[PDB]
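Peer 1: The chain contents come next:
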Amino acid sequence: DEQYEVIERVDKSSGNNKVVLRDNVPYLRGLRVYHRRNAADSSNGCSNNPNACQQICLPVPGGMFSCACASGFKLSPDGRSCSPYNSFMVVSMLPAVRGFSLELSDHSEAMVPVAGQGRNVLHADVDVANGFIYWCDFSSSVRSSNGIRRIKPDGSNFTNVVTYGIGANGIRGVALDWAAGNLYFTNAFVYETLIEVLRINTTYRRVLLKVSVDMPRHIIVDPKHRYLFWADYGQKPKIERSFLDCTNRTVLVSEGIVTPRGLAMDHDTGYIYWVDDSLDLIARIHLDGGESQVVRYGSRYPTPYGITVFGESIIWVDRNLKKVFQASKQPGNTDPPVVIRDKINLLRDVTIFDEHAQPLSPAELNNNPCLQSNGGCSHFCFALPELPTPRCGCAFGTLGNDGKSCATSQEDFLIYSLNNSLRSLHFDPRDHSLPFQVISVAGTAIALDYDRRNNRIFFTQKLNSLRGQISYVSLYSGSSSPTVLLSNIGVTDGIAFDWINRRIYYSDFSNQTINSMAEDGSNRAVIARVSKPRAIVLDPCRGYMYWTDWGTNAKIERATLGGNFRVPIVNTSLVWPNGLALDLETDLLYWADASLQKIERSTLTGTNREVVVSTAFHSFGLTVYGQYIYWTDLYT
Amino acid sequence: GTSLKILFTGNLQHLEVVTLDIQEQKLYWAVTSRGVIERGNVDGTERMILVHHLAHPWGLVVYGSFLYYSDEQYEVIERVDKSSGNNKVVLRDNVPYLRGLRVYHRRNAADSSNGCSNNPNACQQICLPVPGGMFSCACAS
Amino acid sequence: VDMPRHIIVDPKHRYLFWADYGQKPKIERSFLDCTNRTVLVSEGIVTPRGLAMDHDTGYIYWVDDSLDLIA
Amino acid sequence: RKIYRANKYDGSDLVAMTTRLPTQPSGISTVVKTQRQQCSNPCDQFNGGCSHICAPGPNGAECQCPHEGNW
Amino acid sequence: XXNXX
Amino acid sequence: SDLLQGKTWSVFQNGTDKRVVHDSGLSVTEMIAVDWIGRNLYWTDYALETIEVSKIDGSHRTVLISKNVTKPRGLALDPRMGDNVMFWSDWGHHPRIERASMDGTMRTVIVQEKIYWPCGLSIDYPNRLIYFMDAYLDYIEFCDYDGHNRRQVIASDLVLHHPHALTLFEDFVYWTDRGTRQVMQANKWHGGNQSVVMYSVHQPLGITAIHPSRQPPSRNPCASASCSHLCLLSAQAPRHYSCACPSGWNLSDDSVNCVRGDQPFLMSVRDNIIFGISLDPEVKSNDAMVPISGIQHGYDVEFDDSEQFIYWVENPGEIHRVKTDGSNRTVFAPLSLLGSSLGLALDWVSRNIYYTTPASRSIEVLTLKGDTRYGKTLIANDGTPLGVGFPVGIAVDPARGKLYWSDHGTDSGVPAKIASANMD
Amino acid sequence: XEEXX
Amino acid sequence: XXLXXX
Ligand SMILES: *[C@@H]1O[C@H](CO)[C@@H](O)[C@H](O[C@@H]2O[C@H](CO)[C@@H](O[C@@H]3O[C@H](CO[C@H]4O[C@H](CO)[C@@H](O)[C@H](O)[C@@H]4O)[C@@H](O)[C@H](O[C@H]4O[C@H](CO)[C@@H](O)[C@H](O)[C@@H]4O)[C@@H]3O)[C@H](O)[C@H]2NC(C)=O)[C@H]1NC(C)=O
Ligand SMILES: *[C@@H]1O[C@H](CO)[C@@H](O[C@@H]2O[C@H](CO)[C@@H](O[C@@H]3O[C@H](CO[C@H]4O[C@H](CO)[C@@H](O)[C@H](O)[C@@H]4O)[C@@H](O)[C@H](O[C@H]4O[C@H](CO)[C@@H](O)[C@H](O)[C@@H]4O)[C@@H]3O)[C@H](O)[C@H]2NC(C)=O)[C@H](O)[C@H]1NC(C)=O
Ligand SMILES: *[C@@H]1O[C@H](CO)[C@@H](O[C@@H]2O[C@H](CO)[C@@H](O[C@@H]3O[C@H](CO)[C@@H](O)[C@H](O)[C@@H]3O)[C@H](O)[C@H]2NC(C)=O)[C@H](O)[C@H]1NC(C)=O
Ligand SMILES: *[C@@H]1O[C@H](CO)[C@@H](O[C@@H]2O[C@H](CO)[C@@H](O)[C@H](O)[C@H]2NC(C)=O)[C@H](O)[C@H]1NC(C)=O
Ligand SMILES: *[C@@H]1O[C@H](CO)[C@@H](O[C@@H]2O[C@H](CO)[C@@H](O)[C@H](O)[C@H]2NC(C)=O)[C@H](O)[C@H]1NC(C)=O
Ligand SMILES: *[C@@H]1O[C@H](CO)[C@@H](O[C@@H]2O[C@H](CO)[C@@H](O)[C@H](O)[C@H]2NC(C)=O)[C@H](O)[C@H]1NC(C)=O
Ligand SMILES: *[C@@H]1O[C@H](CO)[C@@H](O[C@@H]2O[C@H](CO)[C@@H](O)[C@H](O)[C@H]2NC(C)=O)[C@H](O)[C@H]1NC(C)=O
Ligand SMILES: *[C@@H]1O[C@H](CO)[C@@H](O[C@@H]2O[C@H](CO)[C@@H](O)[C@H](O)[C@H]2NC(C)=O)[C@H](O)[C@H]1NC(C)=O
Ligand SMILES: *[C@@H]1O[C@H](CO)[C@@H](O)[C@H](O)[C@H]1NC(C)=O
Ligand SMILES: *[C@@H]1O[C@H](CO)[C@@H](O)[C@H](O)[C@H]1NC(C)=O
Ligand SMILES: *[C@@H]1O[C@H](CO)[C@@H](O)[C@H](O)[C@H]1NC(C)=O
Ligand SMILES: *[C@@H]1O[C@H](CO)[C@@H](O)[C@H](O)[C@H]1NC(C)=O
Ligand SMILES: [Ca+2]
Ligand SMILES: [Ca+2]
Ligand code: NI
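Chains as they are written, first to last, in the entry's author numbering: chain A, 1978 to 2613; chain B, 1908 to 2048; chain C, 2190 to 2260; chain D, 2614 to 2684; chain E, 1 to 5; chain F, 1484 to 1907; chain G, 1 to 5; chain H, 1 to 6.
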């Protein structure tokens, strides 16, 4: 007795003859008697039949025994062996991912539960053919705990699938195209949302769509009809469809829908099932977008968070009721929903891991062209609703004239340094194809310029507080590691290439000077001594160069490429002139003051100075192409 | 405070508010552990289940011909007939954090007078009514 | 060395009693000015935490939660 | 924050006269009723001949000047 | 914040 | 001894060959005293309130002194065959310094006057004087082996604040002060030549002087002994030794052999320790088995007669095992990833163990027969009342293939009940 | 952001 | 400092 602080002994036939063994004992708990229990006087089926079952032997009344298997294994029909589960539901919650048999009777864990530190699972999807379960973790604080991970149903071969470039709001939905091996997921930022494709076991990844007003959250894919569906619960709630490349957008449900956070596909009747926790109903709609049919509705369905379809029944989870339900998928049915598991906390979603749910014969998938070998396509194949030839998507570069290969873009485009890599960006805002695959370099790349004749980018490279160097890399077909042009420099913040005299100019911030060299790394020269220089531009046809001084006495100054005639072009109202560019087509000079937060234009020699854009927050680099200016912002 | 009595005991884990129909002299209560609303006479007889398959009943009131209940899960205020609990109706749904219920209505103290009302200023501090129209005076702590 | 904890006073017999429960548990008795100390009980006492007296019989009542005793 | 004592010759019998006082005790003196050692003060006769202030030195009265002014 | 790469 | 690990270690004086001596069943080891003649190891445990002895390699552990031992701190030995005596200090109610021959037969009290919080002990071997210290009265003293000729080496001196442990070498005494956080030096006869040896950031608890003079050689009376298990030096009889055996062994009538006690005993689980206590209410020793210290949140225990293993669960979701001797304390297998387990039941006939996890609301089975651990969930929380609501306890009947468990209720689901099921 | 619990 | 080492 834990309050009496006592161990007491009484007769087994009556509470009489009480005896104290110990008293004044704090924190008493369980009792048990260590004695000579004999393994031979008591016998059962398991003792009489050793090593009969492969993994577990469990005795049953009448001296018989029944074999059992570990979590994620089930008895073979022989009654002695174990095999991995083939048909089970994948229930996802914030703390863990768990698997239950699709027959209510078997209570066994049909899958090794994914749990432990760092699990905040939002959604799950399955790859039945390869035997993988994909899920997305989300953390609003730790950036490491955001991404997509996969694991075998038996708990082996854990792998991080997506870990780079996840937005603040994290991955909000994942859908695997088991036919093409594409993994569609939704990447959500603070004020905008991306849909992206990753081809499994490849580095290929591209964005299909970027929206600010809409917010796709939960996404499903159907390789049988070659459509992609997502649920929006933003300011204009809807259920939305496209082709497998996110081109042909159309809205299946637009009214009588508030916060749909779940979608499911029937694959046999072509209906779209969704759960709506603000109208407390489960409804279905056909692919062609007819009239919505109510499957379940009323007060008894307060928060259906996720849904799936298996055979003749729908399965959904409820956050409030903490139960997983099963009921007839046909509308107008009035049978009470059958409970599979209850008192499960933080239910998020439910998915079916079955061969029937992911067919692979061309007879089932309506001859999906990605089955054979990625449609013969180099990067991504996207099957369309009626064309028997796949559309070829390109992860980086431009699609070849053959219609299936990819090569480096021959168009004009932006390039920018992003820490330890050189990135590329088309001028077209709605073109999401990278002109070339990202180049990885050592240290951090600070400033860069393109040599048109040899098709190279020269770029500065910071190594530490005092160490800097200049390297270059070729954009010709194939590849080449970055090659150092001149080492043993301080930190360099600026670089400019002369295409007429074939020389490289740069600004040594540590040494407070403007330097020059030949394009082959020889013939180093000093052009000027300047406190804290950032940017350089060249006009070799007029033999003039301009560069920016920031800090004390900040000014924009001009000299010859020789560096004799130093004159200050602009010195009124400047603090941090980080950016400088020249518009050769119009003969105008553009600079960015990162402290006064503005971009300005003037003539050469600083006549008719005016603001191009105010509140450019914290510019570093700037460039002019066509009728637009582009700048990098260090604050946003 | 006198004449303590036990009316109903048994399957009453996670009890909720008791409420009273004064006209019919019947008690109504919810049992969260069983998700039911039960009814019984004030003398401790005719205990029976009225409404079932609730999640977490929290507020409960009987007025006119009807019983009103707030189910804290189900996030709903519902109304049902006090006789055998048919003709279910939703007053409001998607209400987070529902709690107790009560019906504001005019009550006539003249038509339900007791000992304390018939004898004002009889007790110095506190007057408490007693069955049979009597009253027992009381003092503060 | 001693530690009086719970003290009671008796104006009828003009004594102070206190419990100790320290390193040498005891119940002591003294005059109303703490002069003329005496030990009433030193054996079978470990943690006396409260004293009491009946004025009409002159018995000292104490409790001890270490022996589970009321004596 | 206590007052201690010890034997003046060898520091034996070191005991604390007070419990831990709430503030730090500073400054101490005896009050003694018996007159201490007395000697004839030369400043008691015609101010020791000094003009202003004087005190009995080792040999005789030492004159002294006030704190204000240069003397 | 402070103006460096 | 490490207080946080609950282990006794040893190392060479050059810092090489760090190896464990006792890995389990220590809670708060106050002082260690090795017997360099009889090759025994003596220590005092504050939490268990016992004086324990072992072989110097840790092998055979038994409880030596248990009757009136409240808060044992100090411990000193005189293994010379002439003396063969032990000393210890107890700072419970009625504090005292006690003298007993090793094997704990000739027990006597030597110092009980002007004592309050006695702490630390050391022997002057040449003079046969036991030095002792006090933290409340703040003195250092010494006396004969019988407690006579008690004398003060420091007393009525402010330099002692809270001395803990004590050491002698030639004519110096050294001690550790937990108040000043220093170790001091003074002349062991008049305290007169005081200095700080060193300043410590943390409280200095233990002290010893490494020197051959601190362990005088003596003819070993137990060298010719044929006692099985422990042989302890004794001060009584010309033989000057006595045979003893660890916890859970008889002494044979032929007083050199011991037989394992096959009699039952009650395992008393407590929040942070598991005790094996005798079924006889008169025997209050709490030494039927080596106690399992370092339990986080103890609720239930389970044992295997074969291999003499004791099983219990821990907070991180795992199951631990140890011998009744302490010899193989290891984490047995991972139990469940979905929270901690509460109940335990072992199928000794089929070598299975059953456990309940209220976090996952399931009853699970784990095998302990083969090299590979296989785990399965048997009953889970379905909608029906027949399932598992919130399992507390579990009992098994291997001979009839029945499983019994006590269950709390769930809202709108399972009622609070006693349930039965097949072991599959 | 919806669920960071 | 209280005597109990723990
Ligand atoms: C992407 O990379 C990941 C990185 O780990 C890879 O996992 C994955 O590659 C592999 O995908 C294939 C898909 O077929 C998997 O192979 C399959 O393994 C099945 C399991 O095999 C085990 O169990 C069977 C049971 O009988 C046993 O015989 C095996 O010895 C083994 O223990 C297997 O059943 C299946 O066989 C089918 O296909 C075979 C093709 O040759 C036929 O011979 C056979 O008759 C049957 O039709 C197949 O071999 C593989 O497991 C998987 N890799 C790993 C390590 O799991 C990559 N793929 C993608 C895009 O996800
Ligand atoms: C090492 O030393 C220990 C301690 O001395 C020995 O333990 C004792 O072993 C004997 C023999 O097994 C035990 O005797 C048996 O006790 C059973 C139940 O306990 C009774 O007695 C205890 C002790 O007085 C009481 O606390 C309790 O209330 C019971 O009254 C009895 O059921 C047994 O009776 C059966 O056998 C006897 C003959 O022995 C018959 O006369 C009976 O009809 C009946 O068939 C028996 O009396 C004794 O209880 C143990 N004591 C303890 C402390 O457990 C170890 O045996 C010893 N090791 C070895 C191997 O010798
Ligand atoms: C630290 O000190 C220890 C103890 O001195 C060293 O370990 C070993 O000590 C023994 C002492 O006898 C060394 O001698 C060997 O003794 C055995 C006894 O059977 C004998 O068979 C060997 O031929 C040998 O004489 C022993 O060499 C030594 N072990 C090693 C590894 O050398 C230990 O070496 C010391 N470590 C350091 C860092 O000095
Ligand atoms: C940015 O570039 C650096 C290298 O210039 C990458 O390398 C890590 O730099 C951090 C310090 O910022 C070190 O602690 C790591 O050990 C470096 N190694 C790696 C591979 O992590 C860094 O990863 C880059 N960061 C981002 C987010 O682009
Ligand atoms: C800022 O630039 C102006 C030129 O636009 C500088 O003005 C000239 O300063 C030189 C100094 O030797 C004079 O000889 C010229 O006569 C000035 N010209 C004009 C038009 O003012 C000016 O010194 C620069 N410095 C600042 C901070 O005002
Ligand atoms: C353990 O403690 C008990 C209780 O103090 C001791 O029993 C007392 O012993 C004295 C002799 O020293 C007797 O005069 C008392 O009458 C005893 N009191 C009781 C209540 O029994 C006992 O001697 C101690 N035993 C050991 C092993 O030291
Ligand atoms: C401390 O050490 C000093 C020497 O450093 C010892 O000093 C002598 O002690 C005797 C006996 O007390 C005194 O009578 C002498 O006068 C001391 N000699 C000198 C030169 O001072 C001393 O014994 C040590 N212990 C004490 C108690 O001081
Ligand atoms: C219990 O512990 C002992 C001691 O560690 C283990 O015995 C050792 O086992 C290893 C591995 O086979 C051997 O290399 C050692 O030589 C053994 N030492 C001794 C002293 O025998 C024993 O295997 C453990 N038993 C179990 C089942 O836990
Ligand atoms: C998958 O797991 C198996 C077993 O642990 C291992 O041998 C194999 O190398 C793993 N494969 C990969 C790609 O990690
Ligand atoms: C999809 O775009 C095609 C052109 O590719 C257009 O003809 C068609 O009308 C669009 N789909 C629907 C349903 O409007
Ligand atoms: C900086 O300038 C000095 C000349 O003053 C030159 O020798 C050196 O190579 C340059 N680089 C660095 C970082 O010291
Ligand atoms: C009181 O004190 C005196 C002096 O110590 C002593 O002799 C006497 O016995 C004490 N008790 C009484 C009741 O006087
Ligand atoms: Ca709702
Ligand atoms: Ca002290
Ligand atoms: Ni409630």
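Some hints here could point you the wrong way.
Dumping the calculated BS3-like pairs for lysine-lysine here, alpha-carbon to alpha-carbon at most 30 Å [said to hold, decoys possible]: (1) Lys1900(F) x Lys1995(A); (2) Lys1501(F) x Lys1490(F); (3) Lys2215(C) x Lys1597(F); (4) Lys1501(F) x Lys2215(C); (5) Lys1554(F) x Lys1597(F); (6) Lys2320(A) x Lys2051(A); (7) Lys1767(F) x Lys1995(A); (8) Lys1597(F) x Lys2615(D); (9) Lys1597(F) x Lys2621(D); (10) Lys1554(F) x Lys1900(F); (11) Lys1912(B) x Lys1933(B); (12) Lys1852(F) x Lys1989(A); (13) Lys2129(A) x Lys2215(A); (14) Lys1767(F) x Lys1550(F); (15) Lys1538(F) x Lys2129(A); (16) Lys1852(F) x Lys1767(F); (17) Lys1538(F) x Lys1989(A); (18) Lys1550(F) x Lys1538(F); (19) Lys2051(A) x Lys1885(F); (20) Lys1501(F) x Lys2320(A); (21) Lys1806(F) x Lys1490(F); (22) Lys2213(C) x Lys1767(F); (23) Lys1900(F) x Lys1885(F); (24) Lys2532(A) x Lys2187(A); (25) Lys1852(F) x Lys1806(F); (26) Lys1989(B) x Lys1933(B); (27) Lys1550(F) x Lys1995(A); (28) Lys1885(F) x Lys2320(A); (29) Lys1912(B) x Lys1900(F).
Treat the hints as calculated values from the structure; they're not laboratory data.
Peer 1: Decide, hint by hint, whether the structure agrees.
Peer 2: Tested hints:
no.	hint	verdict
1	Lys1900(F) x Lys1995(A)	holds, 28 Å
2	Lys1501(F) x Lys1490(F)	holds, 12 Å
3	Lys2215(C) x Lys1597(F)	holds, 17 Å
4	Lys1501(F) x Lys2215(C)	violated, 49 Å
5	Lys1554(F) x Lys1597(F)	holds, 18 Å
6	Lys2320(A) x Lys2051(A)	holds, 25 Å
7	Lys1767(F) x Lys1995(A)	holds, 17 Å
8	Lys1597(F) x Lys2615(D)	holds, 24 Å
9	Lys1597(F) x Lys2621(D)	holds, 26 Å
10	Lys1554(F) x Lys1900(F)	violated, 45 Å
11	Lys1912(B) x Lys1933(B)	holds, 16 Å
12	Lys1852(F) x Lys1989(A)	violated, 34 Å
13	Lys2129(A) x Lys2215(A)	violated, 34 Å
14	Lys1767(F) x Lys1550(F)	holds, 9 Å
15	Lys1538(F) x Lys2129(A)	violated, 51 Å
16	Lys1852(F) x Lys1767(F)	violated, 36 Å
17	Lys1538(F) x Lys1989(A)	violated, 42 Å
18	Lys1550(F) x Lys1538(F)	holds, 22 Å
19	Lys2051(A) x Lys1885(F)	holds, 22 Å
20	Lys1501(F) x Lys2320(A)	violated, 50 Å
21	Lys1806(F) x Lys1490(F)	holds, 16 Å
22	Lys2213(C) x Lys1767(F)	holds, 24 Å
23	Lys1900(F) x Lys1885(F)	holds, 16 Å
24	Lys2532(A) x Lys2187(A)	violated, 40 Å
25	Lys1852(F) x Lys1806(F)	holds, 17 Å
26	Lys1989(B) x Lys1933(B)	holds, 11 Å
27	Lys1550(F) x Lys1995(A)	holds, 25 Å
28	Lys1885(F) x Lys2320(A)	holds, 26 Å
29	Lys1912(B) x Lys1900(F)	holds, 28 Å
Taken one by one, the earlier hints fail for this structure at numbers 4, 10, 12, 13, 15, 16, 17, 20, 24, listed in ascending order.
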